[PDB]
Structures are given as structure tokens and as C-alpha cells.
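Q: Spelled out, the chains give:
Number of protein chains: 2
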Amino acid sequence: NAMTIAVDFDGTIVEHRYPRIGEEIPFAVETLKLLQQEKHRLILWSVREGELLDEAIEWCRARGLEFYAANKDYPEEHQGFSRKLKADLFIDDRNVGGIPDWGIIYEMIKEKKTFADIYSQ
Amino acid sequence: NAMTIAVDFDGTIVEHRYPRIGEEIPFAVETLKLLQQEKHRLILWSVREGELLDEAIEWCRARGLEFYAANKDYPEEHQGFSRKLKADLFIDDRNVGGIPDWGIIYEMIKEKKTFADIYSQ
Ligand SMILES: [Mg+2]
Ligand SMILES: [Mg+2]
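Chain order of the listed sequences is A and A'. A prime marks a further copy of an entry chain. Read left to right, the first sequence gives residues -1 to 75, 79 to 122 (the authors' numbering). Read left to right, the second sequence gives residues -1 to 75, 79 to 122 (the authors' numbering).
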């Protein structure tokens, strides 16, 4: 119901300009904040590590987007470990079939809908 | 062109019966083998670790499905490390919008198509 959502950074929240940071994908940050308002947890899930991760985090922080955690299952993660996050949902531009715009991402999460639902009329 | 594809196990290759292993999702193993024939690399990407991972790997091996690697970027992975795989594609039943059946997964990879393409007529 409330969910832990893994969100990719490059190509997902911003245009893919790695090692640099691209322009924001329209409504990315706002949509994610709306999801937090709805009590979902956001975890940043990026191949970024070290200062390139830090750069992604500060870029988000400056837009008032702060993560439950970054590349961890919880902010002080060994113990009950797995390398892959235990997230309930993955938002990633490299997901097979590609990611739709943030409008549709939001409707899908909110209304519990598949691409199939979205498109079927 | 040839791609490194991360593939989830539970809910993706088999019905989700974790810690047990479910029935195969129709045409999962066959479709993945077809992808290997086309020179893609398959990496198993699962929260499974230890003997539960081993159980997933042997279940696949017994059906003649063998991975480029399991929860690593390459079979002897630190060095150029990131916790998240560097895969080009992710096939995961927890991808936002859900995963379609393996028929459509295959068409999308093969024909370079988005859900948008698939559905637009
Ligand atoms: Mg990306
Ligand atoms: Mg799964």
C-alpha cells in the first residue's frame, strides 16, 4: 500500500549526461515528492558511488528531494544483506519497455495500473 | 546492440513462491535462451543470496539456462564497483507498470520497442 520505491538517477530523474548531470526530466522531482507525500519511501538506486553519488544527492536536496536512503535498503546498512535492493518497485529508464513520463508513472502507482491497463480503452 | 540484461528470478522467471521456487512463467527459460542465442548476456539479479541463490541457479541450469553471472557484473567481481549492476536492461516483475509476458519482452528487445510502440496501432 505504502511502498519502497527504488528510483534510478541518470535517464530517469535527469537527462543522461553522466558523469555530468542533465536537465530534469519534466515533473520528475515534483512527482517523486508527491509520492513521498503519499507515504512511499524513495531510495536512490544508481551505479553512482562516491562523489558522483554525492553530486546526485545534493542536486536532489537542492530541489527539496531527500531520499529514505541511497543505494542501501535503509540509511545505515553485513546483516540481512542482499546486493539487490529489497524495494517493492523499480523506476528505471533501462527497464525493459522503457519508462513513460512521470504523469503515467504516477497514475500507475496511484491507481495500481500496468502499462496494459493504461493503454487498454 | 548485443546487451547485458539483468533478469529477476521470483515473479519473473517463476511464479513468486519465495523461499520456495514457483512454476515457470510461460516461455521464460526458452525466451531467455533465445536471447543468449542472439548474443545478449544474462545476469541473474535477485535478492536471493547463499543457498537460496544456489537453488535458483541450479533450477535454471537443469533447464539448460546458464548465466553470464549472478548478482555480479562479471563472474569473478573492490575495483570498478557499484552495488547496482551496470546492466543495459532490467527485466523485473517489480518494474513500474509491471512486466508483460515473455512474447512481448522478446519483441521489445528484438525490435527495439517501448510499451508505447507495442500498444500504438
Ligand atoms: Mg538510467
Ligand atoms: Mg520478482
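Keep in mind that a hint or two might mislead.
Chain copies aren't distinguished; within one or between two, either way the pair holds.
Stated by the list, open to error - Subject to a maximum C-alpha distance of 20 Å in a straight line, what follows is the list of computed SDA-like cross-link-like pairs (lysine to any residue):
| id | residue 1 | residue 2 |
| --- | --- | --- |
| 1 | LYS114 | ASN69 |
| 2 | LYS37 | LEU90 |
| 3 | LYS37 | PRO101 |
| 4 | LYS87 | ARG18 |
| 5 | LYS31 | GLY48 |
| 6 | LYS114 | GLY48 |
Don't read these hints as lab results, they were simulated from the structure.
Q: Now look at each hint and say whether the structure bears it out.
A: Going down the list of hints, with the structure as the test:
When the C-alpha separation of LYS114 and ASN69 is checked against a cutoff of 20 Å, the pair qualifies neither within a copy, at 26 Å, nor between copies, at 29 Å. When the C-alpha separation of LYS37 and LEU90 is checked against a cutoff of 20 Å, the pair qualifies only within one copy, where the shortest distance is 14 Å, while the shortest distance between copies is 29 Å. In the homo-oligomer, the alpha carbons of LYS37 and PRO101 never lie at most 20 Å apart, since the shortest distance is 22 Å inside one protomer and 28 Å across protomers. Taking the shortest Cα distances, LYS87 and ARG18 sit within 20 Å of each other only across copies (17 Å), while inside one copy they are farther apart (28 Å).
In the homo-oligomer, the alpha carbons of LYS31 and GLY48 never lie at most 20 Å apart, since the shortest distance is 24 Å inside one protomer and 36 Å across protomers. Taking the shortest Cα distances, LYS114 and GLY48 never come within 20 Å of each other, neither inside one copy (36 Å) nor across copies (34 Å).
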